[PDB]
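Take a look at this single chain, the form solved without the named molecule, given in structure tokens.
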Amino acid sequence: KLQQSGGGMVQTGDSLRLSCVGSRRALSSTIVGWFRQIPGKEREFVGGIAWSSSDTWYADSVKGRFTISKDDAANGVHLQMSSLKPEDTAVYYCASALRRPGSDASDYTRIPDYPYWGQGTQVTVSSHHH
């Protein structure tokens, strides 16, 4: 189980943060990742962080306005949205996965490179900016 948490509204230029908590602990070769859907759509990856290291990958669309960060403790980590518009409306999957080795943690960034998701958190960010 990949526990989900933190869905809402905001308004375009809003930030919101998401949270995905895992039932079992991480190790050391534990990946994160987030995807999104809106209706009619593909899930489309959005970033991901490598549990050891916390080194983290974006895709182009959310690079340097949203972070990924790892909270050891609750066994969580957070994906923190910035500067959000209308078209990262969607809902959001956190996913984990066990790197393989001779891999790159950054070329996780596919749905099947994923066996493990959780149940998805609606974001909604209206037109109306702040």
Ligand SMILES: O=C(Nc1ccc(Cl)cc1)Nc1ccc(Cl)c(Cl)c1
Given for the second form:
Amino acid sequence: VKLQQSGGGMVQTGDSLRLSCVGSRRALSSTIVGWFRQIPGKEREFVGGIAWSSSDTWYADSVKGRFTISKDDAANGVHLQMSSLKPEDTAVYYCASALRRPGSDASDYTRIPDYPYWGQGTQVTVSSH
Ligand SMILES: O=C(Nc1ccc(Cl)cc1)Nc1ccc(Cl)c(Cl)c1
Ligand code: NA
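Next, give the form solved in complex with the named molecule, keeping in mind that what was shown is the form solved without the named molecule.
Okay, now the whole complex, with that chain kicking things off.
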């Protein structure tokens, strides 16, 4: 599977952005789609994930309630809705995907090496007015 992400750019504090990530091959029942973000100077840090079969989601504390991942109703992809953005959210946002190992909870998929497949990144800079 290849992952394709939408554009980013500059946004202002308090604004929302809805990113898209689309897979080249149809989701499997075991597909997990994750979002990470590379804060400048830092590793790719986990944002949230979705389990395709159940639509179950899990998130990092730093984005809980503000960022929502959902499965597309009419495409083979997900959205990341990013609300109430602040300058500290400036990063490259990455879509990633995995196939869940039997016996491993989907919500355990929170680390970079848990995901073999990566999108190309969407750079977002949030600035004050
Ligand atoms: O992973 C997927 N689909 C998928 C769909 C949408 C998103 Cl956002 C992310 C992933 N299917 C798949 C199908 C076949 C193979 Cl070999 C593999 Cl390795 C993966
Ligand atoms: Na950090």
